[PDB]
Amino acid sequence: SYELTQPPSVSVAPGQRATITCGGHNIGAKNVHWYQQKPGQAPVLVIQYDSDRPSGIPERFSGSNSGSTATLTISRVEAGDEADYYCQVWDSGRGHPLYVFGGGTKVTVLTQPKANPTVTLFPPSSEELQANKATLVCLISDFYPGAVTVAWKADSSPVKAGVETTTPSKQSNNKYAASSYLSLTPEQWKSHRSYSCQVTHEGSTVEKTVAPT
Amino acid sequence: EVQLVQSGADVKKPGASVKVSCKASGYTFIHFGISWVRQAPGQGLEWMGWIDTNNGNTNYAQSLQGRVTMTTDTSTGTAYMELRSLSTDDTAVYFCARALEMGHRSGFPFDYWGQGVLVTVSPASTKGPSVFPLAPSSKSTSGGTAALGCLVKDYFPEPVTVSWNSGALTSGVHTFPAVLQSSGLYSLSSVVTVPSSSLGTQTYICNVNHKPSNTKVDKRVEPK
Numbered sequence: 001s002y003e004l005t006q007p008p009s010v011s012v013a014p015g016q017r018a019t020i021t022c023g024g025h026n027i028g029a030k031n032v033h034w035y036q037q038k039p040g041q042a043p044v045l046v047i048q049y050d051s052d053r054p055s056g057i058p059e060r061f062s063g064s065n066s067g068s069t070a071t072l073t074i075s076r077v078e079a080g081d082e083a084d085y086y087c088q089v090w091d092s093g094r095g096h097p098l099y100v101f102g103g104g105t106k107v108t109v110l111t112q113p114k115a116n117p118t119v120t121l122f123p124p125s126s127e128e129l130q131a132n133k134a135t136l137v138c139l140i141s142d143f144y145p146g147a148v149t150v151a152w153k154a155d156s157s158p159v160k161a162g163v164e165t166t167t168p169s170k171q172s173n174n175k176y177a178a179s180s181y182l183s184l185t186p187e188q189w190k191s192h193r194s195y196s197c198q199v200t201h202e203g204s205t206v207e208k209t210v211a212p213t
Numbered sequence: 001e002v003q004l005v006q007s008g009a010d011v012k013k014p015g016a017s018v019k020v021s022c023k024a025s026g027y028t029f030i031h032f033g034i035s036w037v038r039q040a041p042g043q044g045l046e047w048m049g050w051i052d053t054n055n056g057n058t059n060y061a062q063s064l065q066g067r068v069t070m071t072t073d074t075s076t077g078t079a080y081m082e083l084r085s086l087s088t089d090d091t092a093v094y095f096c097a098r099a100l101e102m103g104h105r106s107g108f109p110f111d112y113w114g115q116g117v118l119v120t121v122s123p124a125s126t127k128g129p130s131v132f133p134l135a136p137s138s139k140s141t142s143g144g145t146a147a148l149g150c151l152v153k154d155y156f157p158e159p160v161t162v163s164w165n166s167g168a169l170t171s172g173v174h175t176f177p178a179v180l181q182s183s184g185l186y187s188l189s190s191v192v193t194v195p196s197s198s199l200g201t202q203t204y205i206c207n208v209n210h211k212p213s214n215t216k217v218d219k220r221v222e223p224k
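Chains B and A, in that order, are what the protein sequence lines are.
Just so we're aligned, residue 1 is where the first sequence starts under the entry's author numbering, counting upward by one.
Just so we're aligned, residue 1 is where the second sequence starts under the entry's author numbering, counting upward by one.
Be careful, since some hints might not be right.
Quick list of the computed label-pair ranges, beta carbon to beta carbon [as the list claims (entries may be wrong)]:
1) B/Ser1 / A/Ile30: 26 to 34 Å
2) B/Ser191 / A/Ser182: 19 to 27 Å
3) A/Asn54 / B/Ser1: 25 to 33 Å
4) B/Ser55 / A/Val11: 35 to 43 Å
5) A/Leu118 / B/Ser55: 29 to 37 Å
For the record, the hints were derived by calculation from the structure and aren't laboratory data.
Note that CB positions come from ideal geometry on N, CA and C, so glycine has one too.
Given only the sequences and the hints, what does the whole structure look like? Please build it.
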């Protein structure tokens, strides 16, 4: 179906302007609506029909839509604007109409210094292997802002199946931690030369690799 | 004031069905359609379908056609969503949302939302964990620091508490939050960072406690 593309995250210092884009083929021909969602709450409509603020939404929220990109702008951002933001359009769906949401952008308001992630990757243990199972454990700690993307590769090719990744949660020292797990069979583990866990954070990546040897 | 208040949160087994409700108040119930939107834990919003509260006309997501049924009860101002043949992929918070009209040429935004109800699809009521050692990569002769730990695999429900050396070791201990896997079971890791020189001289044992299954596991972690 019609697809919407949002960046996973946006980091912004207090008072700066936050820009969240929503890409779609000729999305300028559609009405785009924007929803804000804080944790454990329901979404809130903050921009409707490309650029209209519903009643009660601060004037620092604004939106535009042109060509292949719609944009939600949060001017003079405040700490309380930290949330996930979702774009949305209606589509005719070849006589089967639908709504589609973008994947959502986590907007972090920078209230503490940037911290690069520590990545620890463990291969499957002999005990787990000797029990006909295999798990690669990728542990990600002491990073801020709390948004990462984890990609796995078998040798060189990406692997999506068997991957479970947590949502980053705050540590005791107020930084963030997360973990990603790759499940596979002992044979796929043995069949490849190596496996890699790649962690993307604030535009940079830390990649660790392990091998059956 | 417009309010949507949901009910019907529940815990289910794979293959079962579930029915949730959305009670509208503060406006003319039949003047506005109702959409349904779900959110799996940690994931984004996924539109499910819409219903005309006046005549019962629906538009469903193609991926759900045949499996979902939405209804309206105009005598109580309530919308209902039934989802059959549940899998662990259906574990999610389910939201209802007011959407004036939806059609083949236009669709309104969702201006008021219910609070969401959690539906947990799980294959077990209780299940103890499998504990495996995460042996340190560094060696006793290595220098600097070493990370070793324990993998606590495939348990249900949360939580698992982990200590080290019966609680005598707390510096450098990090027990990570659990992940909900597509199997419906939880997994977590706990890792302790220790001086590399201690690998040949100090014994390291993780004390895993899963109270829901009445299970304790003291697993010894040996360098490889």
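Now for the hints, and whether the structure bears them out:
| no. | hint | result |
| --- | --- | --- |
| 1 | B/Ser1 / A/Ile30: 26 to 34 Å | holds, 29 Å |
| 2 | B/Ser191 / A/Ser182: 19 to 27 Å | holds, 22 Å |
| 3 | A/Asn54 / B/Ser1: 25 to 33 Å | holds, 27 Å |
| 4 | B/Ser55 / A/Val11: 35 to 43 Å | holds, 38 Å |
| 5 | A/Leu118 / B/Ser55: 29 to 37 Å | holds, 30 Å |
Violation of the numbered hints given earlier is absent; every hint is satisfied by the structure.
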